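Take these sequences, add in the hints, and give me the full structure.
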Amino acid sequence: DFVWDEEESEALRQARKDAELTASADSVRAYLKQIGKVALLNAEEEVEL
Amino acid sequence: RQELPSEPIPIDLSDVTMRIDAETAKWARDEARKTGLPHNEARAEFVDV
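Chains as they are written, first to last, in my numbering: chain A, 1 to 49; chain B, 50 to 98.
These are calculated hints, taken from the structure and not from any lab test. For each residue, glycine too, the CB sits at the ideal point set by N, CA and C. Take the hints with a grain of salt, since some may be wrong.
Stated by the list, open to error - Only some residues are given here: those of chain B computed to face chain A with a beta carbon under 8 Å:
id, residue
1, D64
2, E80
3, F95
4, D97
5, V98
Structure, rendered in structure tokens:
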């Protein structure tokens with residue numbers, strides 16, 4: 001929630017410095033987008049499938 | 050000029066839709082004003098938070 005401390009500022013500073021441009025291995029979000037588009041199955045549809 | 054959004058702002062990241070509201074802007078302004086630096090210098094704190 002709304003609490004700010006040196007650790008929070010340090011965490012932002014690290015993230016800001018730890019990645020100036022997108023990396024090839026860390027850009028998994030494009031894949032994760034496509035997973036969310038399909039809903040989870042339960043037992044009944046699993047067995048029917 | 051340290052104003053607030055009358056309505057939530059859709060930031061709309063490339064993958065997940067995101068929303069800024071009046072309360073987070075409230076907290077950010079509180080932090081910036083706490084810092085006490087000039088406007089263009091407290092901009093750093095506001096943007097960071």
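Quick rundown of the hints versus the structure:
1. Interface hint status for B/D64: upheld, as the beta-carbon distance to the closest one in chain A is roughly 5 Å, under 8 Å.
2. At its closest, the beta carbon of B/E80 sits 6 Å from a beta carbon of chain A; the interface hint therefore holds under the 8 Å criterion.
3. Below 8 Å, beta-carbon pairs count as interface contacts, and B/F95 has none with chain A, the closest being about 12 Å; its hint is therefore violated.
4. Residue-level restraint check for B/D97 holds (minimum Cβ-Cβ distance to chain A is 6 Å; threshold 8 Å).
5. Hint on B/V98 holds. Least Cβ distance to chain A is approximately 6 Å, under the 8 Å limit.
The structure is inconsistent with hint 3 alone, although it conforms to all the rest.
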